[PDB]
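The complex appears here minus one protein chain, its other protein chains still in place.
The letters A, B and C name the chains in turn, as written, and every chain counts its residues from 1.
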Amino acid sequence: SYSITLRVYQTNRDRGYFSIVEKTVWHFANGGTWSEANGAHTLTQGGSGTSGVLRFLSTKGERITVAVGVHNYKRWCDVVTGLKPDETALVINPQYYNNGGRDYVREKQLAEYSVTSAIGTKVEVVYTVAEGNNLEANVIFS
Amino acid sequence: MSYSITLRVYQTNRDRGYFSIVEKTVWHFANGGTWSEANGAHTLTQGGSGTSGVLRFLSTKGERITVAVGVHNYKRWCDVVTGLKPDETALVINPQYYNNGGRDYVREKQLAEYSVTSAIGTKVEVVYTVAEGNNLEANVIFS
Amino acid sequence: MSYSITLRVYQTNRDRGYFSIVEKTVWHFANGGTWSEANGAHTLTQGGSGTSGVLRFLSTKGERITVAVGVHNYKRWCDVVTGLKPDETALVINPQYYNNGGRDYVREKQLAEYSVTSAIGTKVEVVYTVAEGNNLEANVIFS
Partner (left out) sequence: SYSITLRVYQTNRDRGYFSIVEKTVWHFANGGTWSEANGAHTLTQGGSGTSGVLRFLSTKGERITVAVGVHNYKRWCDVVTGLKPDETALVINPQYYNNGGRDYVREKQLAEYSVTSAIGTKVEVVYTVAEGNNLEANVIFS
């Protein structure tokens, strides 16, 4: 039913280079799958009400997760920084559900969100197509 | 002393369709870990023994299968689950191997190879070509 | 009306080692083209008939093979060259199919399938599962 395509823009050499180290899919709304093409990561979801997380690890050992999904028919996103080596996407993704602590972030149904880690790395998520079933967003490191 | 499990996937029959990875999870025990890819091989680096990771595949015939790889008591193991539901993702499967989640048995068996055939008739075999040391390797085969 | 050739690679025997793509070229006739990848498949989009492209593979046993795919006279063709030299790259191979470069014959045969065995003993078969239309598909098989 829904589709979120992501393209990553690493704009600052000083942050090191980030690469995806995990790709999870939440089991609500009939699950879904991750796919990639032309550098664009797509999360196809079986309906409104589930999500996916992409965890990145930079060349300087920084760990960050990007959470994207659809809540009550409106896209939502989140970015968590300064993650411990054992705080995986498998650990993070479930926290937005069944009162795991981040549920309220999801319900916000944000079309854009940005954060700067404690070590200075700014991560943004902005939806370039925030409406419809074929959503698109950019993930910007700076 | 961390651990690494490198996987190379072999697809042998156009019969069962073409499978592609649709998800990759890392368990949180043993200080976690990460998935990497290079020269067509998938590596799961683990911060030691006691954790694992899962690759979820989807064929062009709509089939969904998962491959679990990890280290139990400094001796590798593997597992394959077939005929998965669309909402039966790796987040549902990977945890079942721990906390009496349903598959702890399989993990404890510390297998260095495993095979099974989905009801749909697809066979998947995981075989560790390097089943000892801190750099284990294995091949994932579809047929 | 451009052309697309989608390739899915099947590796069947740990014997011949594991091959990985080490180069991808596009011939410049027919307004060129581009290589793309998605869901584990490789597509060569061509600005019409009269051009082709090459994938160069390298196994873990140091073997070097190339797969040529293109369209000749609105009818697909393919070719496989084995036992290539380290300096016998796809830039050396792809051009030989034109300008009386040495392999124009093969291209003209407009094959919808082809097989061969390198002296080292590795077999490679390219078979077009969709050999007609503007969206041709084929499987590259190693064994």
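Here is the rule we go by: a contact is a pair of C-beta atoms (placed from the backbone, for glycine too) under 8 Å apart; a residue touches a chain by one contact, two chains touch by 3 or more.
Only one residue in the set A:40, A:115 or A:129 touches the chain that does not appear here, and it is A:40.
Checked against the full complex, the one of C:14, C:24, C:103 or C:123 touching the unshown chain is C:24. By the touch criterion stated above, the residues of chain C touching the omitted chain are 20-36, 47, 56, 58, 85-92, 94-95. Residues 36-39 of chain B touch the missing chain (whole complex, contact as defined above). Within the entire complex, the positions of chain A that touch the omitted partner chain are 7, 9-13, 17-19, 38-40, 59, 138, 140.
Here, only the chains that are shown with their structure count from here on.
In whole angstrom, the spacing between the mean C-alpha positions of chain A and chain B is 24.
Rounded to whole angstrom, the centroid-to-centroid distance between chain A and chain C, based on C-alpha atoms, equals 37 Å.
Each of the following residues of chain A touches two or more other chains: 35.
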